[PDB]
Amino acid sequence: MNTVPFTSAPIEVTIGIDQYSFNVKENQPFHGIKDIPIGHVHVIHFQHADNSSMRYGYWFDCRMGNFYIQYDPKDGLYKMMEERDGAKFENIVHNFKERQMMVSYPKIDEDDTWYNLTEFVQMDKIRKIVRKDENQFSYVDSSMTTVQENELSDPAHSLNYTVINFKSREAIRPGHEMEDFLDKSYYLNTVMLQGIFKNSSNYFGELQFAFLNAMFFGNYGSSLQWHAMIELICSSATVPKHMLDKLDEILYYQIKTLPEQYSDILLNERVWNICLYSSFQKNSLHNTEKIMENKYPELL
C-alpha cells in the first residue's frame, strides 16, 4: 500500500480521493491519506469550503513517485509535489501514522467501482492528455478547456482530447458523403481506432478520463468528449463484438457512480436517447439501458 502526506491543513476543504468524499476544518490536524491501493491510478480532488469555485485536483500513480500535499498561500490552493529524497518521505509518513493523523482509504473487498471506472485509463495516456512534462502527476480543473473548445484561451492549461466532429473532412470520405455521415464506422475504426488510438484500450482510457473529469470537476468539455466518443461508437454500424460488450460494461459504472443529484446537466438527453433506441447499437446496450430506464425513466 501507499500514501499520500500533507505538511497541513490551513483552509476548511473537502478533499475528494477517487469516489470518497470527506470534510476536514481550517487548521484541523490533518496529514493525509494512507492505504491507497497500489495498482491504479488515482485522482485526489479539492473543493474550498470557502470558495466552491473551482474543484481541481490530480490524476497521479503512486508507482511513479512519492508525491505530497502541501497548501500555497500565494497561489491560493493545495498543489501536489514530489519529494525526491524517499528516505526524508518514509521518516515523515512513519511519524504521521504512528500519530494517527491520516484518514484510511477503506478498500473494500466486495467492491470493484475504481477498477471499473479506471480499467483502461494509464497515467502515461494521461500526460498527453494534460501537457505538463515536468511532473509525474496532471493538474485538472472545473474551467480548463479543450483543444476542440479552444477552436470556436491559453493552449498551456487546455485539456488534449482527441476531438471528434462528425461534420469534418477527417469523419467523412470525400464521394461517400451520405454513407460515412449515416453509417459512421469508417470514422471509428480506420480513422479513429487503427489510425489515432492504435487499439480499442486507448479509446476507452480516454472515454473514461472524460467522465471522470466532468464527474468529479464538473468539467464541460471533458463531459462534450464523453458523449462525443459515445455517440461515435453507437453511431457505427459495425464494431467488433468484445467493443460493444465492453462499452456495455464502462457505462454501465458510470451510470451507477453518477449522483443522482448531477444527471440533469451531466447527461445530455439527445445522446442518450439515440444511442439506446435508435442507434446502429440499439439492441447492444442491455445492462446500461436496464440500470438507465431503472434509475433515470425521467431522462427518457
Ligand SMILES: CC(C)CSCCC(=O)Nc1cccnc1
Contents of the next structure:
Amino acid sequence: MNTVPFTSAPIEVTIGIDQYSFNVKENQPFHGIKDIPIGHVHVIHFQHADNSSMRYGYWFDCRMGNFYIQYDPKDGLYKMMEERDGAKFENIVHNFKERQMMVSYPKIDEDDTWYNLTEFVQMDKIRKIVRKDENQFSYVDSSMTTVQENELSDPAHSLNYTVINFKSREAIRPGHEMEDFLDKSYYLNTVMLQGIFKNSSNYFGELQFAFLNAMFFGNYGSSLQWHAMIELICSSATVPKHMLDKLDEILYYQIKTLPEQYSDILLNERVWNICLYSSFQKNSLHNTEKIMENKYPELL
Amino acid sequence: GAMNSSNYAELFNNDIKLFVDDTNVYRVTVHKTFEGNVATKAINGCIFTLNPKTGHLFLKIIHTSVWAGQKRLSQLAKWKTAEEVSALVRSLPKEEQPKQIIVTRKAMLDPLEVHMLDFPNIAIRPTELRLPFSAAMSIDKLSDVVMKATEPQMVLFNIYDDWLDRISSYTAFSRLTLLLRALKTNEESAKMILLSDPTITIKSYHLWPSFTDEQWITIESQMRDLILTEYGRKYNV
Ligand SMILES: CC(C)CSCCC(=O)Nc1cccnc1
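Right, the form solved without the named molecule is done, so what does the form deposited with the named molecule bound look like?
In what comes next, the whole complex appears, and the chain from above leads the way.
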C-alpha cells in the first residue's frame, strides 16, 4: 500500500482519488492519501471550490516512483512531483502518518470496481497518449483536445488517441467500399488490432482510459474516442468471441460507475441505440444491455 | 451544405457541377406467383447525371443482370450508383471533373462520399429542392434506350436540345424542370400537350419538339395549367 503525500492544502478543493472524492477546506491541515492499492494505475484529481472550471488531475502508478502533490501559487494548481530521495520521502510519510493527517484510500474488500475499470490500462500506454516524457505521471484536464479534434491547437498539450474515422481511406479498401463501410471487420481486425494496437488488450486499455478521462474530467474528445471505439466493434460482423465477452464486462462496469446525473452529456444516444439494437453485436452485450435498460431507459 | 431556393443561381455559375438522381436505378414490377405469393421482377434502370449549366446528361443504363444473385437490392442500388458516378468522374479529364456533386436524395450522401474518398476536393451536397428527375423515363427516347439495352451502357445526351443558342441556362433548367414536373404529375396530359400538333416534330438528334420561342410560351403555359389543374383534382380545390 503506497502513499501520495501533500505538502499542504492552501486552497479549498474537492480532491478525487479514483472513484472516490473528499472536500478539503482552505488551509485545513491535510497531508495526503495513504493505503493506495499497489498493482493498478490511479488518478488523483482536483476541482477548485472557487472555479469549477477546469477539473484536472494526474495518472500515476506508485511502482514507478515516489510521487507527491504541492500547490503552486503562481500557476494556481496542485502539481504532482516526483521525490528522488527515497529516505527523505519515507521520513516525510511516516511523520504524516504518525500525526494521522491523511485520508485512507477507502476500498471495500468485496469491491473490484477499480480493477474492472482499469483492467487493461497501463501507465506506459497512458504516457504515449499524454506526451511529457520528463515525468513518470501524466496530467489531463477538462479542456485538452485530441489529435483528431486538432485536425478538424497546441500539439504538446494534446491527447494522442488513435484516430478512428469511418469515412477515411484507412477504413475503406478500394473496391470494397460498400462492404467495408457496412461491415467494419477489416478496419477493426486488420488495420486496428493487427496493425496499430497489436492486440485486443491494448485496444481495451485505450477505450477504458478514454472513458475514465471523459468521466473524471468531462473531457469531450475523450468521450468521442470512447464511443468511436465501441462503435467500431459493434459495427463489425466478425469479432473474436473473447473480445465481445470482455467488451460486455468493460461497458457494464463503465455504465454502472457513471453518475446517473451525467448520463445526458456523457452518453451518445445514436451510438448506444445502434450498438444495442441495430448493430451486428446487438445480441452480444447482454450484461451491458440489461444495465442500460434498467438505469437509462430514457436515452433508449 | 445543402442546395436550396436561396443559393439557386449557383447552379448556373462557371464551377462544374453535376446533379445525380438515383430514383430510376432499381426498378421492379410487383406480381403474384403461382402459389399466390408476391414477387418482383427487375427491369432495366438508369442513373441520371446532369450538368445543369450545359445540359450534358450522362445516362448510365443499369441492366438487370447487375442484380442477379444479389441481396438487399435497394441498398445495393445506392452503392452501385455511387460506384458508377465515381467511375465517370475518373474517366473525365481533370479540367472536366466536377467541383461539386449534388445528390437529389440524402440516402446517396454516404455511398457517394465513400466512393469519392480519392477526391477530397469534390464537395458532395444534398439539396432541399424536390426536383422531378424521376420523370426522366417519361422522355420517350430515354426510356427507349434504357429498355432496349442488353448490357451495361453509357449514353450521352444534351437534355436542353439546342435551347442554349436562344436562352440562358437558368431559363433552360426552369423549362426542363417544368416539363418534368408536368410529366410526373400527369404523364398522359403532358405528352398530349407536347405532341398534339402534328406539324411540330422532334429532330432525330433531339429529345423535345422544335418549338418556336412563341410556341414555347404557349407550351409552358399549358404545362403550368396542367400542374395547377392536377393540384386541384388532387386536393379538390
Ligand atoms: C484532528 C487532527 C489530528 C487531524 S485528524 C483528521 C484526519 C483528516 O485529515 N481527515 C480529512 C478528511 C478529508 C479531508 N482532509 C482531511
